[PDB]
Amino acid sequence: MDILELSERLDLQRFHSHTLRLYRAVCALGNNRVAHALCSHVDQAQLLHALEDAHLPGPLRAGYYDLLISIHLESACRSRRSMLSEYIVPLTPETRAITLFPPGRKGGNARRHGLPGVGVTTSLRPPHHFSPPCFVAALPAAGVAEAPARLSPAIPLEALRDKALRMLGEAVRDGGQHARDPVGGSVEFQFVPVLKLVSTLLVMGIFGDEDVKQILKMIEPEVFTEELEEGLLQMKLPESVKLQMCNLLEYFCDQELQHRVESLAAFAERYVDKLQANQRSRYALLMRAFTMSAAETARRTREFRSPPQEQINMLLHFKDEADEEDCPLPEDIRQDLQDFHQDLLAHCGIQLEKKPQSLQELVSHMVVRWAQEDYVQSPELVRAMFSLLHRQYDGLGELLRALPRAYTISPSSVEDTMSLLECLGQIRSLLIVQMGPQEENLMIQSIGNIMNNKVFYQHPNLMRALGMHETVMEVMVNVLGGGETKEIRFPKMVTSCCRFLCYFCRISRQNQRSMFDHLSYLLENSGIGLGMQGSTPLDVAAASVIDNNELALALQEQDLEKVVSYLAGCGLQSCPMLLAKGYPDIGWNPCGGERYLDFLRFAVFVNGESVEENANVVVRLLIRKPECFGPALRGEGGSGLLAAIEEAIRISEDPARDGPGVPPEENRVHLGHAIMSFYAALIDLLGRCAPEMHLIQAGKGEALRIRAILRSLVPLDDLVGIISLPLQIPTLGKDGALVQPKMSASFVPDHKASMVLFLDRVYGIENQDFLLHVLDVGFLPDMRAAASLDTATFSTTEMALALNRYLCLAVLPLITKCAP
Amino acid sequence: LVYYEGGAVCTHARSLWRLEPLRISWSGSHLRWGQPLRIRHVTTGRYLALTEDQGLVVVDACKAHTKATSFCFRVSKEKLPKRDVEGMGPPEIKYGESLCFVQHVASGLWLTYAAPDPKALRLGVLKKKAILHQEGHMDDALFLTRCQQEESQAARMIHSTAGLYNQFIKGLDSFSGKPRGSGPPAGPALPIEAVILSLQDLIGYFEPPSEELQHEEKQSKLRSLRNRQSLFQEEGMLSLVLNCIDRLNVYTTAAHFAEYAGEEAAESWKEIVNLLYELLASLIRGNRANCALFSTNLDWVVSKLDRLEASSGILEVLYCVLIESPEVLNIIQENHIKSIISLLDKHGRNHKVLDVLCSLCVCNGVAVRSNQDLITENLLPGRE
Amino acid sequence: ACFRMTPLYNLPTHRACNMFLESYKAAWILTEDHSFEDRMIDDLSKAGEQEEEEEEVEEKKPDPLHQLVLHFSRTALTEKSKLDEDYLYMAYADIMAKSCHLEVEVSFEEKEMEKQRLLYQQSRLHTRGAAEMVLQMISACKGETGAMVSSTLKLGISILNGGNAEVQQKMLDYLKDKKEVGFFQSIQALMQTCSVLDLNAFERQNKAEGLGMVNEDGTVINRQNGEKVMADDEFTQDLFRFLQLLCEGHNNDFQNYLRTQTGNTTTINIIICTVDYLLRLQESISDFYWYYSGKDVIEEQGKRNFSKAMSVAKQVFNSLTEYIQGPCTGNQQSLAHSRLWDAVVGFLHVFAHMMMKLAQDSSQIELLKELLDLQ
Amino acid sequence: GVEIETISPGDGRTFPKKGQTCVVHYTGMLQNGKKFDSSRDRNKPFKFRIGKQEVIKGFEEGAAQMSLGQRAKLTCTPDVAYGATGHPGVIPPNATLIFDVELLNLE
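Residue numbers (the authors' numbering), protein chains in the order written: chain H, 1648 to 1874, 1922 to 2046, 2088 to 2397, 2410 to 2567; chain R, 244 to 323, 327 to 630; chain W, 3634 to 3736, 3749 to 4020; chain Z, 1 to 107.
Treat the hints with care, since some could be wrong.
Below are the DSSO-like pairs computed for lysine-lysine, each with C-alpha atoms no more than 27 Å apart in a straight line [claimed, not checked]:
| # | chain 1 | residue 1 | chain 2 | residue 2 |
| --- | --- | --- | --- | --- |
| 1 | H | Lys2447 | W | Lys3873 |
| 2 | W | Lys3823 | R | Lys467 |
| 3 | H | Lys1930 | W | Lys3694 |
| 4 | W | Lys3787 | W | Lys3731 |
| 5 | R | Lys375 | H | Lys2360 |
| 6 | W | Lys3731 | R | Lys467 |
| 7 | R | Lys464 | W | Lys3694 |
Keep in mind the hints are simulated off the structure, nothing from the lab.
Please model the entire structure based on the sequences and the hints provided.
If you want it as structure tokens, here you go:
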């Protein structure tokens, strides 16, 4: 039947108008794999005909425009709209020619405002990408979750933008005629869907300068004159149309703001060149200044001996006219800046008749007139207009809040910046979608292309300006939160995100500080991340505090309370993931406890010197919660630490009690080694928590008390026993087979290295008799074992390397200290 | 067993006590210290007592012999009933002040939290099982605080509701087998009219507020409705109805129900199942918390979709779950989507199914691409 | 490094321009003053062309400011678990608050003009429901400290300077007929979350200052990153200033409401909670004394820490004065049974030794003078 | 597996050889008669490169056997089509296709 019959078969009209909503739903939020499929069911011809079809009903007309937008435009528009909030301005001749006001003859302080959105803008925005919808094309041989992401289905934009302009023109004239039968059945159904399409094309940047001039004439044909026919601001529109009008004005306001920022960047381009030349010439004059001067040269050479961050501060420190003596700039340069400030304030409408004469006054009066004409009922409309009104009045403040995301780059890295912005768009588009295997491989390569991007290192401040570390962090947290109890899905992504964050921390200190501010946020989500292996969420938190004294001191004690509470649970309950594989049950989690301990090792020890405040807070929390220490050190009903060590030695040696008894998973858990490594990391933590030698020499009360507590907790005798424990040796035999142990389930040299460190820092070595008593039974078997291993065969074996590092890092510096 | 419990339980219905004195006349008089009075739990209908085998327990209403169940309120812990006055009484005890000590008037003991805390309470929830100790600690004074009439009325509504539905359930599984044939009903008569009246009272009790209301007082009715629904779910009514539909659904048609309950109970079957679905919808409509309970038994509602007795009611329940819980959508599989599509194929062009399928794709502004692909892969290419 | 590092003229143009931009905004844009706050509210309070309309209906459809206030009260009354940071509500709360105060012998006849102009500007807001809007944002915030609630408190003060009797009446009436416990529960949570002096944070701040670490792209000497001792002092100060303004003018109706709320089901004793905060503040002050008892001189950070801790204790004491005066007998018995006596004893003990220690030298004259009006 | 019937013959002489791209106005249809794809609806020719298999086997071979200016009809068996997996959301699995191909130009 004719589709126009649905104006009377309202049973089919309700069903079809819901069917279009289902079409928008299944292709919603950038499902371009589906948006191509929908182009078979509804072709381009049907949509284009429905654009001009004047007899279509209301819901079907708005459903078909919104279906066109959903299928062909929204994915490109959203991604562009995200990049509208950042202003990366390359240094190009086009950028140079940008000025606040057009060249004119109206007024010297300020000419007439240009037409908003008209002109040249050099800010970086990645181009759109489309694909021609072809259903006869060969199916790709690449499997799912490996093939490149599908693009939005193409549609002729030049024709779409011209047809859209034509429809808006007809709608404006028809609305002026006050016809009793408006298109689609009502004024709202006639104007709102079209204004949605116009708004989407403006945001996408489809319209050229001539078309934008046309649209400005349609909105107001008298204010926007460059030098019935009634504009859209006098037609007595309903509330729904007013919302789209606000979206249009909010686009032109944004284009005004970007115009200001680009003008400011152009002025910075010229001003730095003149200021650098002047300061260079004044340096040359200072080179010969000594001949005609004396000891007063310190004040003039201070600028050339001051860092560039504040050289400009003094150079620009002449606004208030009461400090010109510090400023060495000539008055022509001073007048230059004091001129650009004045017309900048004029262009922001600070200071310098029913004609609005400008966009700012037009919007402000338009908003007030709407507000005082009738009680506005739509809360989204009320919010939309008052956001506009605030922006018009507070012109300077909006620029102030827009400056932190502004940035200038060299033209030699624009095409690398492009690929950075594309991969950033890929990351940002994953905030609104439940993650699946297809998206996981999308972002692993998206991250890797940022890795291989030289601008990620050359401009580390830019990454913080773009907020990339945040958007990665919420992508992490969403996946951690989903199934936060049962098991972490997608570990193969989390192991890349954590690696990226750690790489981001190591670029600079400011990057580390910014990542540090999210410390508690990472800690709360790090409770279950220990289930996976590789780079956990906690290793980010550690990487945010490694080798930074200011960050370590500023680390809140509440965070330490959180980590010790987590450690308490790790010392009171078994690991469910370990239990699920058939592992024998023990009443505590060694692997999780260790992963908390080696973080605390980074929280308490910075640059080789212990941090006193953190060390004291840590030790007084662990004593207050004695279950953190484990089954040994439990107190009442608890055996010794050594009893636990040889217990786990026997368990580790014994199969079917070390594991499930059925590496295989390449990181297979060994409970004996996990318990041993837990104790070694605990002891090594306490060793690093021990007070420095100069504090004990000064005899500080709490430093002595803390050392007394550590001595009471861990007796020296057990330490010497563990150092005296034997170490397995790589052996040669059975036709040259270099037999070596499994370091993942055996007594490793690093456990002793933790023992030695604790003995050095807490007990020390004072008297010769005790020194030699340690040496003959604790170190000398390892010295001779490593001495023997240095052959043409074992010298490169890993366990021999482990002993080499153990001796050269734990034993030999101790002996070199105890040489007298 | 009584506990000193904290957290969100101290706003649920289980933590409500009614001071029921020993005198019928002037039972609403002011509280004087040291006068005998029982303690009644509203939602369960049991009285605080000192029993021989388990100490301080809540004993039934049929065995409260006024000796082990009476109590008194006092300001001090020194060892100390008066002559009743036929009047409003002497007003001294206040709300929010005037710390009180409860003493069993017969045995003279004092209530205090038990000190021991075993391995289960080493890290778990801190509940301190109160024991009527012979002398007790010092800080066991109790404050007295109000509960609004909506809570008190709701609590009594659960307590009345539970007995009736439990009786209905007991009648239902009493004749689960053993077909009547041509004789009389097997056991006692079902309280059909009582249940139908109770359901219609509850459905009107949980009516969402009308749209035209002012936003200022609309929200306070939203908060009242969410509070009432949470109280019912926390007391188990949401699980109780699930049991009710479970028992009713084993009979396919009304005539089949006649063979197992009687010809008198057949005509009310379709009405009672529809009302049960409407009550389920009104209980869960708008709660993230109550809607989240259907994650574990999502296939329960889906399997019942093809039933003909109440198709729109179960579809309403499904739509209320899906429009509210973003968690549930992650559990959706191809069996469920092919069941929903089978509804479109078997029940005609019903746009409310499209209103379901729209909710399955995007929930709270986050797309679920597995559902989107499954829907497009099972619905669109057929073109029928 | 200073003698050998790069002069400005050798920097790349983009790296120089970025530095110029951030220096320019800090020295020319932030420094710039633009008073537009009064010129919005002047325009927004005019029901223009409505006299031309001459509507018969009594209702009298709101002017733009009242529509804005209604919208914000709507988004504060809506049932939400948390409160989002509405950046425009923040901007308009600041605008409304800044559009009220606008502020050697001047005549009491001039002061009689200034007071009745300030009361006019306050009337321009409170006649449009801004009083109930403030109480709703306070009840909606659920006791979470932040810039969300802080801008609300600053608006509440800005419409309550000089103790506006109308505002206090509208607020008390709204609380009484709504019978909402969320307002006092949020006030109690906000007050319990306020911070006192921290020794551990002071030592960490000192050691971090000792390091003096700088950034790479240039150098900031003696960096002024956020103070980690009494960070929310300005917030605790204007929370208690708001509480004092509520009872200013011996408003015994509201004074008895703070002590106990008759209508509500649950009563929150603000008076006792205030005392318990005073005790927490004096414990910190005493423990900041004892660590300087050995030391002979009080350095700069220590002086600034006292300056803000004394200012906070002054604001608390003024509020406790307001809760008492009139006299309010119930409040007097509440303080009598409170922990105030122990707080007084501790303050006296601190005052005894602060007078002696600070009078030996002329470098602590300002600090001693600032201490004097506290007692 | 592919069957071609003429509809309006063209030249019958110049056949599409390797090295020159093919330009077509196809019009795909399902077996039951439900049109699923077209090129005139998009209003642009579909220039596909013959030899590197940018299209399915049936379409490629059918376009190979045509001539310049010829309008023909095809019948693509699922073996030389998308087959058991189909085209997700467009073509159902195991479907026989029909194309109203017009080979309007070469390159």
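Status of the hints after comparison with the structure:
1. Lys2447(H) x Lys3873(W): Given that 27 Å is the threshold and the Cα spacing comes to 26 Å, the pair holds.
2. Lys3823(W) x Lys467(R): 14 Å, holds
3. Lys1930(H) x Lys3694(W): Measuring from Cα to Cα gives roughly 18 Å; hence the hint holds.
4. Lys3787(W) x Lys3731(W): 25 Å, holds
5. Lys375(R) x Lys2360(H): 25 Å, holds
6. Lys3731(W) x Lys467(R): 36 Å, violated
7. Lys464(R) x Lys3694(W): Measuring from Cα to Cα gives roughly 21 Å; hence the hint holds.
When the structure is compared with the earlier hints, a violation turns up for hint 6 alone.
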